[PDB]
Structure formats: C-alpha cells, structure tokens
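Enquirer: If you want the building blocks of each chain, they are given just below.
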Amino acid sequence: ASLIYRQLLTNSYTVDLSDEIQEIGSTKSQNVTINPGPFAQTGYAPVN
Amino acid sequence: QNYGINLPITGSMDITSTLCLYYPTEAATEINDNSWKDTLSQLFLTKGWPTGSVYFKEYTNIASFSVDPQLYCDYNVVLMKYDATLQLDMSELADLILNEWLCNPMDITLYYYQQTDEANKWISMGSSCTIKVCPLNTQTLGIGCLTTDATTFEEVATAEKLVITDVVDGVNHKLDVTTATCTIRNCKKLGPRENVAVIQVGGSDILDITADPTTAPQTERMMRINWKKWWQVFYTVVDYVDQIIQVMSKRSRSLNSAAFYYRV
Amino acid sequence: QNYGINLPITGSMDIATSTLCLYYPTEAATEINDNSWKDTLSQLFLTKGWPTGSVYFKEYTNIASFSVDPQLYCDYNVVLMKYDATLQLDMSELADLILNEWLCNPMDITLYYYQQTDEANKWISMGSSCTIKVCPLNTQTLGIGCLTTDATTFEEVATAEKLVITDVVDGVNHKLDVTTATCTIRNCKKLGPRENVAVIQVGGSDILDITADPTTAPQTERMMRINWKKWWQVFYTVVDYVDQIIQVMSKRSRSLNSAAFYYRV
Amino acid sequence: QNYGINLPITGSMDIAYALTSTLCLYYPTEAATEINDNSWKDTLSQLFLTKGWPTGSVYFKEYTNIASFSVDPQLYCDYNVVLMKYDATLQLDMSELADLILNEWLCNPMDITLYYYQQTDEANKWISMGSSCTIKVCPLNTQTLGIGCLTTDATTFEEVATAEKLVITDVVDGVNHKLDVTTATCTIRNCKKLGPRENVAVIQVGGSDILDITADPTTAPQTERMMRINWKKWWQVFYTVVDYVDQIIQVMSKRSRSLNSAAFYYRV
Amino acid sequence: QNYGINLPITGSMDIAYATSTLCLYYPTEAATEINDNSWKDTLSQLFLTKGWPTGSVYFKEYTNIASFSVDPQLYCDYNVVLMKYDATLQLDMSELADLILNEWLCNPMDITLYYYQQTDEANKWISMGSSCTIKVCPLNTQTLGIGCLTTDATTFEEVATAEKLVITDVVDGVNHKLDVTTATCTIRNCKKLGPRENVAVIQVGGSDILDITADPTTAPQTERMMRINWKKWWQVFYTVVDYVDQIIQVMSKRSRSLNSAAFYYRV
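Read top to bottom, the protein sequences are chains A, B, C, D and E.
Going by this note's numbering, the letters in the first sequence line up with residues 1 to 48, in that order.
Going by this note's numbering, the letters in the second sequence line up with residues 1 to 264, in that order.
Going by this note's numbering, the letters in the third sequence line up with residues 1 to 265, in that order.
Going by this note's numbering, the letters in the fourth sequence line up with residues 1 to 268, in that order.
Going by this note's numbering, the letters in the fifth sequence line up with residues 1 to 267, in that order.
Worth flagging that the hints you see were computed from the coordinates, not collected in a lab.
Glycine included, every Cβ here is placed at the ideal spot set by N, Cα and C.
A hint or two may mislead.
Stretch by stretch, here's where chain B covers chain D in the computed footprint (C-beta under 8 Å, at least three residues) [as the list claims (entries may be wrong)]:
1. 168 to 178
2. 193 to 206
Subject to a maximum C-alpha distance of 20 Å in a straight line, what follows is the list of computed EDC-like cross-link-like pairs (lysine to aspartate or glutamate) [unchecked claim]:
3. B:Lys228 x D:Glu104
4. E:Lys177 x E:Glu157
5. E:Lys60 x D:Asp180
6. E:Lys191 x D:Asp78
7. D:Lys41 x D:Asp173
8. B:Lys81 x D:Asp216
9. E:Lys135 x E:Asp110
10. B:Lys47 x D:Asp216
11. B:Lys81 x D:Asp243
12. D:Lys193 x D:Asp87
13. E:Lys40 x D:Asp180
14. B:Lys37 x D:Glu122
15. B:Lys37 x D:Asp173
16. E:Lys231 x E:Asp36
17. C:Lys189 x C:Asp206
18. B:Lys81 x D:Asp212
19. B:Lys228 x D:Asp209
20. D:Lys136 x B:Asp176
21. E:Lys231 x E:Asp245
22. E:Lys135 x E:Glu163
23. C:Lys38 x B:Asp33
24. E:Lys253 x D:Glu104
Just need the whole structure built from these sequences, with the hints factored in.
Expert: Take a look at the structure:
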C-alpha cells in the first residue's frame, strides 16, 4: 500500500498546469512606476 | 530544560534571521533617493536574505543615537561617521554597545557611592550631564572639596549626551548630578557583547573599548573602511554580508542558556 | 556553550551583592510631608540587617501612568498598589505584566494581519493613549460584523487606556485599527513566571487575577494583602518582616536590560 | 626544462644548506622643490655605491602630483620603492594606489555600450582610469529590469564616482548592472585579483597609517611591505631609506612572475 | 619555488587516454562598408551558438594598419586580427606579424649615452611610434666610422624613413651608432623568446606574404597563418564565425600575458 506516496511524488508535475488554469481565468493588474525620491522645491516669482 | 546550574560538558574529539542597520541622515541627504532601502532589500534577497526580514532605522547624529542606544536585533551592524572632535563619543559609544552592562540606578542625594573592583564603571546618559565628584577621606572629611560646597568639585563631564565615568576605587565619594537632564546608574561589566558589530567609515581605528591604559585590544568587530560616496559603502556592505555574519554569532543571552543568569 | 542544559543532573540524599527597591504612590509622599523619610528608611534597613547602599526609591503620579512601559530598578522589587473599586482591571493587568516574563515582536497594523496560535500568545498594548479596534475575518478574508474597506464600524476593546491586554479566538486572523501615533501593540508569548518582583496590595480583599483563563484564577505565593490606615505603619510592617519576603522571592531572575518585557524584533 | 606544470619538489633537512640588483624610486615633485638642489642624485648614487650596489643602473622618475601618478602607473623595474605623501583628506587615493600596485590584476576590456556585467568571485573588482571618470550604474534584477532607476534613462543612475582620476569599485554578486560612462576619456576594465605582488613596496611618508589592501571590511591587515615613517625634511627620509636598504631588500624580493622559469603563468 | 624544472614527469603509452574571452580586430573600412549600427549585438548572438557565453566578445577599430601597429594591445586569452593586404606594404605586414606572433623581452637602450650591438644571431632592434626614421653607422675597433663620419650624423646609412613600425636586423661583433628621432619614437633592443600561440592572423586579399623571421633562407609558413578571399566584409565575418572551432584548436590560452603591451620590459 506504499504506492500512494510514490505515485503522489511521481505524477506531481501536471499540477503545474493547474496554475495556468487559475492564471487564465483570473484578472491580472499592472501599474506604472511612481516617481521616487524627494521633489525639488520651486515657488513663484516675487510679486509687486 | 535545566537552567540556573552549570554542569560538566563532555564530548568526543573524534567524530535566516533579522538584521538591523543604522546610518546617518547625512548619507540619505547625500544619496537623494527614497527607494534605496527597497533596492538594498532586493539585493539582500539576491544574496540570501528573505525579503521582509531586513529593517532600517534612521538617526540624525551620533549624540542623538547615544541616548538609550539599546539595540534589540538578532544581528546588529552600525555605521558610524568619524568626526575630528567626537573621539570620546565614538569610543564610549562603542564600549557601551560592545559589552554586556548590568546597571543599578543610584539616588544622588541619599547615599555615598564607591567602586568594588576594576570592572566597574559609571554609565550616564541624558540631554546634558554635569557630573561632579568629591572623594571624601575615611573620616567623612573633605579633601580639597567640602561636602556642602557646590563650587569646588572637580569637573569631569559637561554637556555630554553619553559619558562613561570611572573613579579610583577603594574610597567613598559624593555625587551631585542634575537629575532633570541626566541620570547616572552604577553599572558592572560582565563580558563581551558579540551581537553588535560596528563599521567605521573614515578614521584610523582609534576607538578604545577599554579605559585601562596598559592594554588596548582591537576587537575584530571594529571594521574600518574609507568613503567618498555612500553608495560605495552600501554596496561593499551588501556584497560582503557573508563575512560580517560569519564574524558574529547568536547572542549569548537570547538563547535559553543564560536564563536565570542575568537573562538578556 | 549550551551550559549542559541537555545533560541530566544528579544529586544525593546524603548531603547535609543584593539590592532592594520600593515603589510607592506620591499620595503617601504628600501624606508624610517630609523630605528625610528616605534617610529614616535607609537607616532602619541598615539596623535591621540589610547593609546600607542597597535601598532606593521610586514614585509615580498615578497607577495608570506607572504602567507606561513599566521598568525594574533592582535585584529585588517590592511594589505597593492602592486599592479602588474602579481601577481593578488596571491593577490586575499591570500585576500580570510585571509578575512574569514576556517575549514580544514589533507589529504593524497597516501592511499585514495577525493571529495567535496558542493559549500563551497575547497582545500587549502600552502607551499614553491606546484605541484598539479589531475586526475578525473568516477563511476567505471577508467582513463579519465590520467592513474591511471602512475603519469606523469595528468592535471596541479600548478607550484612552494606558495598558490593556487583548486576547482573541486563538487560531484566527484579524485586522487591527489603532492610532499608532502614541501607542504600540506587541505580540508576546508568556515564557514563564518571574521571581524578582512581588506585588503587595493595600486596601480591600485580594482581587488581582493574573490568568485570563476563567476556570483558573489562582492566587500565587507572592501577592500579599494588608490593611492600612497610615503609610508609616505599612512601611514599618514591611521592614519588620523583610526576611520572609526575601525568602519567598529569589534573586536568580534579574533582567540584564532592566525591562519588564523582552522586545525581540 | 618543463614549463607550466606544477610538480612535486623533493627536499631534505639533514643536508647543510644554511649584487646585481636594479633599484628604482618614485617621489613627488614637492620634495625636489624643497631640497633646493639638483645634484642630490649623484650623492644618492655614491651612497648606494658605498653600501654595495652598482651605479648606472639606478633610475629616478618624478610625478607632478599624486593624482598624476595615479593615472596609468608605469612599473618596469626590479625593486620598486615608492614614497607617497600622507594627508587627512585623500585617504581613498592612497588606498587605491597601494592596492593597485601591491597585487597583480589580470584584466579584460569592458564595453558598457553593448553588454551587461556581473561578478562571480570575491576577487572581481572594477578599475576605472582616466582624466574624468564618473561611473554611473543601475542594478538589474534577474528579470533584467531596473530597481530604483529606470533602464531607459541614464541620469537617474546611482553614481559611485565623480571625475575621479582613479576609482576601484565592487558590485553586488549575482546581479546584472547596466553602465553608462563617458568612454571618450576614461576606460573601465574587469580585473581579478590573482595573487600578491612583492615587486612593489610603498612607504607612507606621513602620519596616521590608514592603508587597507582588502575589499572585504572583515579584514584590514597591515602588510610588512607597507612602510611608514615620520618626516619633516626629505633628506632625512632619504638617509633613513639608504641606511636601511638591506632591510628593504631582505623584506622584498625578485618579482614572482619574471623568474625566467615561471613561464605560461600569466607572465613571461 | 622553481615551478618544476628539476624533476621530469612520466606517463604511459599502452594505457588508454584517447571567462575564456575572444577578441576581434578589424579595420574601419569594414566598419564603413557594412553600414549597420547594431551589428555587434547580432555578431554576439551568432557567437552564442558556438558555446561562447555573452560578455566575452569584443569589437575594436583601427584607422590604419600601420597606425594600428603603434603600441599593439592584447585584450583576450585568444586574439585574432583581421589584416588587409596592400599592394605596397608587405614589409609593414611582415613586421607586425613578427611583433605580434612571437614573444619579445626587450632591454632599455639610449643611443645618446651608450653604444649597443647584437649579442647573438636572434636579437634585433624594435622601434614604435608615430614617426621613426632610423640611421645606422658601423664603428671599427678604434671607434671610427666606415662609410660614415662620427662627427656628422647626416651621412649615416638610412634604414628607416616614413614608417610606423621599424624592425632592423644588424650584424654581430661590431659596435654601431644610431641617430634616431629621440622625440617621436621609442627604440628598444630586444631578444626573440619563442613561439607564442596567443594570436593568429586572418588575411583578406593578398597571396600569403608573411616572413615571420629575419632569416632569409627559411621563410616558414606556420599553421597559425591563414588566408581567405574577400569582396564583402559580412561574408568574411560569417566565414570567421563559421570556423571558430578550428582557429580555437590552432591556438591556446595558456600563453596569455599580464601587461597591456605585447612585449615585456625588464629594465
């Protein structure tokens, strides 16, 4: 009755396809890069 | 299992943890970036530290980092900027952070204190410490300074965030320190604290972690490199993290072996 | 190395410095109305048998304020807490925190969730003002009685508290909302009892509970109860029977970092 | 005889077992300006003759500045002793110069306009030499994209140098790095530290010794070939050097790559 | 120590026994004829097929063959140089082939302060620079010129003029005087060492004219000299990349040098 563990270990590559099955149905999301770091400080010109 | 009692250890001759880093704000101003921590975390991930395990805390000056400088982190590496006038600050900060210190707080207007042996010092911290000491004789008579005189005391430290003061053992003394901006605790040195390693940028390896004149041991945990750009220093630190982690080991007290032996 | 913690010990049936601390409320200091009672207590301790140079003192403005990250300052700690019909929970929780040891971790309530998986995993809240709100979540990470996208319909467990010990259903996730500007929350595990501090209650009957388990809320061999009318009588009684309190306590649990709870990142 | 094959060498301990050199010196021009004399070379040659080394074969060269000496050093000699002035503001210059002249570097050219780069050993360091070198680098993860800097641009790079005459740089192992340097004046080479070089020794003519020769911060040893003395007048320094010439010759030796027998080992 | 020069090794007869970069040199004429901005990346991708990992292929330009002969640089454990024959520059090609093929260990020389003569039948004079015009005047035993005057340096026998690389062979057993251009040239007395298998020459055009030795009788054609026909540089590059295995076999990387120059300078 040891065949259960051996077959679980051996025929365990097709589960990779399962990932695609969840990846195909699901909806992904990409985002643009945010400008990092501090920002330069610049005001107006002197007013009269 | 068993603690509190030491037992003979016998044997046969034949046969992924957190890490904290510290840096000056001047470095961040000289880098001018905000994602740099994330980039270094990714580089640590490439080098063999799982993402979500490396922390970073920021201070503004060595003096600011000196008040309550308790490092609670399984592996500590400290970056220290070498100055030209803060030799005492760097030396005593390294001494405090490199030795396991057991401290007893002291009331300054109720008792007269002394020292037991040569492994006893006085650790002090606060916004500003003005410590004055007057060694009395064996017959409660002042020698060069009066017990009720607040002006003839021998000045030893003023306006210091972190000062380690040692006096001559074998005779009592009177202490008068302002307990509104400073606090002095009787501390005794137990041994080497190996959970802290310090990398010194600039300088010439002057930090003495022992006040004894005859000896001046350069413990391996005081590294020395030269800097012009902080990115170079960070790259050198990240690339050779293996050597630094190999220098240090597990903290002697975090493990359940110093429990009931002044644990942690 | 390992101090031989895994090597069995064996005995036989044939073989035949110290410091002291006192913690008091400022009300007693005002009642005494003296600036030399420290000298009196020091000399009395010296005459009783405890050498001078090992007795100190500390004071707090209120019971709750003393609970803001409580600290230790001796190898022996005797703490006195005033009794009241309203501050029972604060006294009990503070005694529970300062009677044992702890091992805590930093917690963030804006980027992850948290869970407790034992009967010894609790959350400790300390600060000047803690306002903890907790919303339980199911397996699929949904909202039950509270909306994840909102932060105004959670369940209240604290309100301007300086020290509160929270426990949830051990083994499930939660989302925590709290003003972390002034208060922090740390996930801790109770390693074991501490034999360095003894709590003595002055006032009514013994009410200090150190176990959140309902079925077992026992009294230890260190919590004392004495009636009081004037604080000087209490001080004299404590000095008179100092040796018994020393014997029932121990000096083999000193904390090297002088913190009531260990804080490992 | 057989070359290029490492073979066992027989030996013994019961057998009773126990010049024609070519000296060279490099010194900065301020010494020559301060000594106020130009015939001192004849005096040095005569003093070397007194000790025992022949004259005529001794050569002297000057460099205008330590930065001028830094760019593309020339070392064709048998016993190199270089006097480097110490300062409290230019530690990295002395460190990099001594490191470069103390160890042999097997280098290959680097084209940073059509390739990427990464490290594979602890002896992999990047050496830039030129008149205006400003190395700009952006790390790339395993997916070949920029982290903390966009690959499309180049101004947002995290620089490691700025108009440095010479700069030795090391990068994190296991990752790619996109580079952009003005190649019209400065060159970058990929060098590996094969082993030590005894043909060159440096005497730090100054104060606080600060030299490090290892890229890892764990170890910063003080080698014996690194000499250091105090100084106020250069004639005293020269007198001390010539008096202790025997010790300098004993501590040093012939180059371990030009023995006329170590052929096909990256030299001769 | 001495690196095994005293104990010979032993093998057997009846027993059965059955990061590595490569440089490319090519004239700018090819760079103008190919007319491709990103050809280098395509060539690297093509070279990837033959087992070379990315990061080991270079492309260097030289304006002229004679100009390139000034201060040659070795940049790889395997060097292959594409040289184009010219109808009236055979001597320059021969000198470049001799200078790059064989190792050279030269000694310093300054004619203005000393006299020099060849020590054996295998050492010559090598000069490199922008302009090298070299004149030779023999001296007899009493230090008097034969066919030239000691006082006047204009009547000397000219052997070099308007050349980029000069390799002069001189007789042995007699002193000589050189009125070399001590400003725009550098002259070193050198001794030939031996065959170096670090470089090979691929010639496009011409009829196999490369005298690698100063010997007039024996003009060998060693196995590392190869000739191919050219009319378009892309065809030449494809031919080179199509037989990298053979040129790799004919070479060896154990002859790599350290210094940038292709000749050692022990003073």
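Enquirer: Indicate, hint by hint, whether the structure satisfies it.
Expert: Each hint, compared with the structure:
1. A stretch counts as covered by a chain when three or more of its residues have a beta carbon under 8 Å from one of that chain; for the stretch 168 to 178 of chain D and chain B the count is 7, and the coverage holds.
2. Check result for the stretch 193 to 206 of chain D against chain B: violated, 0 residues qualifying (beta carbon to beta carbon below 8 Å, three or more required).
3. Under the criterion of a C-alpha separation no larger than 20 Å, the hint pairing B:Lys228 with D:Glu104 is inconsistent with the structure, at around 25 Å.
4. For the hint linking E:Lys177 to E:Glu157, the alpha-carbon distance of about 10 Å falls within 20 Å, and the restraint holds.
5. With a C-alpha separation of about 19 Å, the suggested pair E:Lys60 and D:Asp180 falls inside the 20 Å cut-off, and the hint holds.
6. For the given pair, E:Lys191 sits about 19 Å from D:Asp78 by alpha-carbon distance, which is consistent with the 20 Å threshold.
7. Restraint check: the Cα-Cα separation between D:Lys41 and D:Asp173 comes to about 49 Å, which exceeds 20 Å; the hinted pair is violated.
8. The suggested pairing of B:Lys81 with D:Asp216 holds, with an alpha-carbon distance near 19 Å, which does not exceed 20 Å.
9. Straight-line distance between C-alpha atoms of E:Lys135 and E:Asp110 comes to about 14 Å, which keeps the hinted pair within the 20 Å bound.
10. Taken as a hint, the B:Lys47 and D:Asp216 pair is honoured in the structure, with Cα atoms around 15 Å apart against an allowance of 20 Å.
11. Distance hint between B:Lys81 and D:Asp243 is unfulfilled; the C-alpha atoms sit about 41 Å from each other, more than 20 Å.
12. Pair hint D:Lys193 plus D:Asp87 does not hold up; C-alpha atoms about 27 Å apart against a cutoff of 20 Å.
13. Among the hinted pairs, E:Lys40 with D:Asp180 is consistent with the structure: their alpha-carbon atoms are about 18 Å apart, no more than 20 Å.
14. Between B:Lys37 and D:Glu122 the alpha-carbon distance is near 24 Å, which puts this suggested pair outside the 20 Å criterion.
15. Under the criterion of a C-alpha separation no larger than 20 Å, the hint pairing B:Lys37 with D:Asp173 is consistent with the structure, at around 18 Å.
16. Taking the CA atoms of E:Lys231 and E:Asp36, the gap is about 17 Å. The hint holds against a cut of 20 Å.
17. With a C-alpha separation of about 26 Å, the suggested pairing of C:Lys189 with C:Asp206 is violated against the 20 Å cut-off.
18. For the hint linking B:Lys81 to D:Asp212, the alpha-carbon distance of about 18 Å falls within 20 Å, and the restraint holds.
19. Straight-line distance between C-alpha atoms of B:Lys228 and D:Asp209 comes to about 18 Å, which keeps the hinted pair within the 20 Å bound.
20. Of the supplied pair hints, the one linking D:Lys136 and B:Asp176 is violated, its CA atoms being roughly 57 Å apart against a limit of 20 Å.
21. For the given pair, E:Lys231 sits about 24 Å from E:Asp245 by alpha-carbon distance, which is inconsistent with the 20 Å threshold.
22. Of the supplied pair hints, the one linking E:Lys135 and E:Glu163 holds, its CA atoms being roughly 13 Å apart against a limit of 20 Å.
23. With a C-alpha separation of about 56 Å, the suggested pair C:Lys38 and B:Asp33 falls outside the 20 Å cut-off, and the hint is violated.
24. For the hint pairing E:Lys253 with D:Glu104, the CA-to-CA distance comes to about 18 Å; that is within 20 Å, so the pair holds.
In this structure, the hints that do not hold are numbers 2, 3, 7, 11, 12, 14, 17, 20, 21, 23, in rising order.
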